[PDB]
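There is one chain below, alone, in structure tokens, taken in the form deposited without the ligand.
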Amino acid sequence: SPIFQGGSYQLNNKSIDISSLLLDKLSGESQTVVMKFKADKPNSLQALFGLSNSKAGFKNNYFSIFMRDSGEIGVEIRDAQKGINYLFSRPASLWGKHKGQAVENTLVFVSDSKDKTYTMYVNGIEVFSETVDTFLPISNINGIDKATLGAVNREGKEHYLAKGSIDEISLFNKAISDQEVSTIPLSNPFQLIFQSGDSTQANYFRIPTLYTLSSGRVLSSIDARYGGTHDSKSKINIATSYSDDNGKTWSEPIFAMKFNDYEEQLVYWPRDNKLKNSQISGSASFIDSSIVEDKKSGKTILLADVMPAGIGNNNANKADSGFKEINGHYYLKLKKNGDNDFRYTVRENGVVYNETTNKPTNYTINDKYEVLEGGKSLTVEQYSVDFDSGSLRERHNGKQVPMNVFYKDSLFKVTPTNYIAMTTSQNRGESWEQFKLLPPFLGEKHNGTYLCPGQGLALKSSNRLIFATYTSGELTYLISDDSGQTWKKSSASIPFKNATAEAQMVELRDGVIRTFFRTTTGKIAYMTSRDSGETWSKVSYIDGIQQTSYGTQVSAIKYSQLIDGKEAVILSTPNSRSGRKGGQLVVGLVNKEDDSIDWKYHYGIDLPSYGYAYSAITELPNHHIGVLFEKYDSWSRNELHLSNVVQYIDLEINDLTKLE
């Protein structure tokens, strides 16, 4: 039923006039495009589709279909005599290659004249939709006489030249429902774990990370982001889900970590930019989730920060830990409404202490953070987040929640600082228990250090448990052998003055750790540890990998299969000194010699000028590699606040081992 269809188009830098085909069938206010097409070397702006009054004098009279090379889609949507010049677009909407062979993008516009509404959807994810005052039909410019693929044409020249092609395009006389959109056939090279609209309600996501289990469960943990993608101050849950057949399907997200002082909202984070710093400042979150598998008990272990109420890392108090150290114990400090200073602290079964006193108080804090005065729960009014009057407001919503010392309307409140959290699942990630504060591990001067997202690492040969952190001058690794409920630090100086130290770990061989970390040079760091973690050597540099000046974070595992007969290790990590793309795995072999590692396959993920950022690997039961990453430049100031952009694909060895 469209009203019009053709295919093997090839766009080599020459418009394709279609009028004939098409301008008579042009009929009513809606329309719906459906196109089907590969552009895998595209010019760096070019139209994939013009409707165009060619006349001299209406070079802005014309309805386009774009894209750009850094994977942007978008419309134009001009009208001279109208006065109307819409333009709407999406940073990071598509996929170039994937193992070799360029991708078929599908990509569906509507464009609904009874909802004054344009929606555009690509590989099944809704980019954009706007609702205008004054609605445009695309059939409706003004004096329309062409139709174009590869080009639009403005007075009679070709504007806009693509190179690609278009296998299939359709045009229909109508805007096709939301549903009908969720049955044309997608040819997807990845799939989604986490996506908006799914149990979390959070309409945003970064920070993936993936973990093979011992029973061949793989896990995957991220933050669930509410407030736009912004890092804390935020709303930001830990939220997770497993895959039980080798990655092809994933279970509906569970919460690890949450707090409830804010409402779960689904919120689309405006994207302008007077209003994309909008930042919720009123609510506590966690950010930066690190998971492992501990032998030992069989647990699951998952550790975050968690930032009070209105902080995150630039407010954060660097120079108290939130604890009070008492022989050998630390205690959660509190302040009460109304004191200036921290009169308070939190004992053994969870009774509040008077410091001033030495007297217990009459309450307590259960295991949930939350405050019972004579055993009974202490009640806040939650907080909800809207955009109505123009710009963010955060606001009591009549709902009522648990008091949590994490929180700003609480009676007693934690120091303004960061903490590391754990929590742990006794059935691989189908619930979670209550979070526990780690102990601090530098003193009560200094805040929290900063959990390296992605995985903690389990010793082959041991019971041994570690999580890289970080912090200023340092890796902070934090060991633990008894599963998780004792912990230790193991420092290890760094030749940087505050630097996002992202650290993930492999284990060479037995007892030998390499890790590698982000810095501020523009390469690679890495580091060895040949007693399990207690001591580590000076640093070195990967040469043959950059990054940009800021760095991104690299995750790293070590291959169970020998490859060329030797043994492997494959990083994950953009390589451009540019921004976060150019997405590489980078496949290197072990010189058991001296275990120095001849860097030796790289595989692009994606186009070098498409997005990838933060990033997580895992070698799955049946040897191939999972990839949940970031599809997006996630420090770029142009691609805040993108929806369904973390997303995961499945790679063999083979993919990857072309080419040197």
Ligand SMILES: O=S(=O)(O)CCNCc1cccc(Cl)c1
Given for the second form:
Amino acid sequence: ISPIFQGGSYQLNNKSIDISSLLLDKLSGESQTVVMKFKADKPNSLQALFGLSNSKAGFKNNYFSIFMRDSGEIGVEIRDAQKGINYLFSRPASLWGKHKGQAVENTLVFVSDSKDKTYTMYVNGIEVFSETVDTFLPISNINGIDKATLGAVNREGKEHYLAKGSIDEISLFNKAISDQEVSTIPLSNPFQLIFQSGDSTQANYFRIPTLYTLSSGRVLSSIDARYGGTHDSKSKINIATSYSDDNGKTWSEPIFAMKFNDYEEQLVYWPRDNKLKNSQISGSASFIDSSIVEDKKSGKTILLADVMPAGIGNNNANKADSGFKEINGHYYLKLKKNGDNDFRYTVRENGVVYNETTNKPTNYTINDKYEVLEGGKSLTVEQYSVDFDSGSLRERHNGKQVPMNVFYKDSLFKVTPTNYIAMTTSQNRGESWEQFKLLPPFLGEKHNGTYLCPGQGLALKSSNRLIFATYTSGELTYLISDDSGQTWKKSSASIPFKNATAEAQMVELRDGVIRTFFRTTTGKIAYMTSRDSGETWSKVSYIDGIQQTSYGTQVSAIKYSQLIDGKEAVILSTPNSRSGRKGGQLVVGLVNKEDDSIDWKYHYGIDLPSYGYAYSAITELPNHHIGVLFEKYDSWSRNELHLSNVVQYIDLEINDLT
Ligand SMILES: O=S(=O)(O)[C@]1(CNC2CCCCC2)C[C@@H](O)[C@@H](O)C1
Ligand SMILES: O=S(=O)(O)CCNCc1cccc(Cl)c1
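Output the structure of the form deposited with the ligand bound; the preceding block shows the form deposited without the ligand.
After this comes the whole thing, all chains and molecules, with the earlier chain placed first.
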């Protein structure tokens, strides 16, 4: 259908524009579609882009508006006092502000559909909310509407919610256009999606992006595919990967690097209301926090992630137990059988389930996939699905049998409810992944395992050494391999923190010299240095010029291949803010060859200081551009839980940063 109204190049400079006579008499019927292309790179705290209102004395609460906040939140109000209706629908972190220093043209599509009684909002090709109501209010059936306004709402003759920005284009339709029609609307997005709702993972949520550039020129990415909202474990979460063979322009359909099957992979719209938003899938095993490295010697790609048995996150994870029993310098995975109060079993060589009380092997073995066999026959359990049909979260059996796994709730043999690290490998650069194996414990039998630092591991340039950073209370624990990940040793480096989430990433400044940047609890990013290829580590220093919150955020970091202003350069990705996870920056640092100190010279603002930016991944693409895959929202805020399609990818060039 053709628009009933179309207009453009409106400048909103804290003064509303009246389009009443152009628009009001064109509106008819009960369904409408608003299509608006708009910029706001210096928005006011709260502003209305578009308004329909009764502007008369005593009808201040009779209006329709599309508003935004300087946080990047978008929403609408639909209000009619006589009908007793005050609808308010919105979603945080829905907008872009600036990209490469230039105001982004956001494409907004709002559908008001009387037949389905549903209001639906899209921004930049992403559905950010879809709300169905009992009593529908057509946007132009509001009692006494007499104004159509851009850049404010006229209430009782005065300008409310004054906007600063521009509307390059606005169209209205006397129809609710289909989802199909919406998808044909052209966009000017500054970003791409690698992982997204409805893709092959069937996760509606994603967190913890990684990026790594392989020797073939393929760029590889991993991520938490999170099913039970954006919650950290306990939940259901898989690790998914995707790769690009054209310098990030296009990405493959995701596959899983690590997955469990005890719960269905379901795309669920997780509740965002204050009563139900902390609902959490509580009986599923999960993975969380992945990291990637490539091994020159073998050519293999290697991916680690934390593993959690059913119902377990770092919160309720059994500290003081590694989940392994030591017997003669050998570590064996412990198991507890259905009905026993203690762990009477261990998994010995050839997965033979061994009975520690009577020292006899049993007829049970554990296969490669940590699945349980009896006399060679595969045991099964019934899969669970989740739903909110009853009004609260329900987890229930769904009729499907899946292989019985020792990380499962319904398993006859269960591992220790604590956190593990798993490793998997790919021989085809991320086209398929092997079944994972658990790493051994590194800090002793009666210590729980360390926590993987998400992002990249480090492959030293001049050797076969592979390093993955992990953290635990009081130290960074570097995992080191010189044989393609077949065996690992620890290098402990104490840090001045108890119970920090010391997420650490490394760069090799020069042969043998590793600088590690890490999250702390001080509001500053810390670093330490090894001149030892990771054998030994310096004391801890802190970076000036960048602020974090008290709780901190993951920082990603690379050593750039080309010189900048004649110097070797390091690039940091982090939010820069003492208030929240926002104000995303790439910070370019030039190395001083004399002492390996770093002058943080250029700060590139990814988007507005007020717009969200949390965990991030950065890599130098083969063409020397920079790829950034990041959480474009505040992943700490309890107001921004369970948002879809907020982990986004951008391409930058060095000149943009400087
Ligand atoms: O130097 S590596 O550590 O092997 C690595 C890639 N270097 C190429 C060099 C050639 C240009 C693209 C990047 C940097 C890490 O951030 C990973 O992306 C892997
Ligand atoms: O700073 S955040 O809260 O956004 C994310 C911190 N995740 C830490 C963690 C690691 C492994 C398992 C679990 Cl359950 C939690």
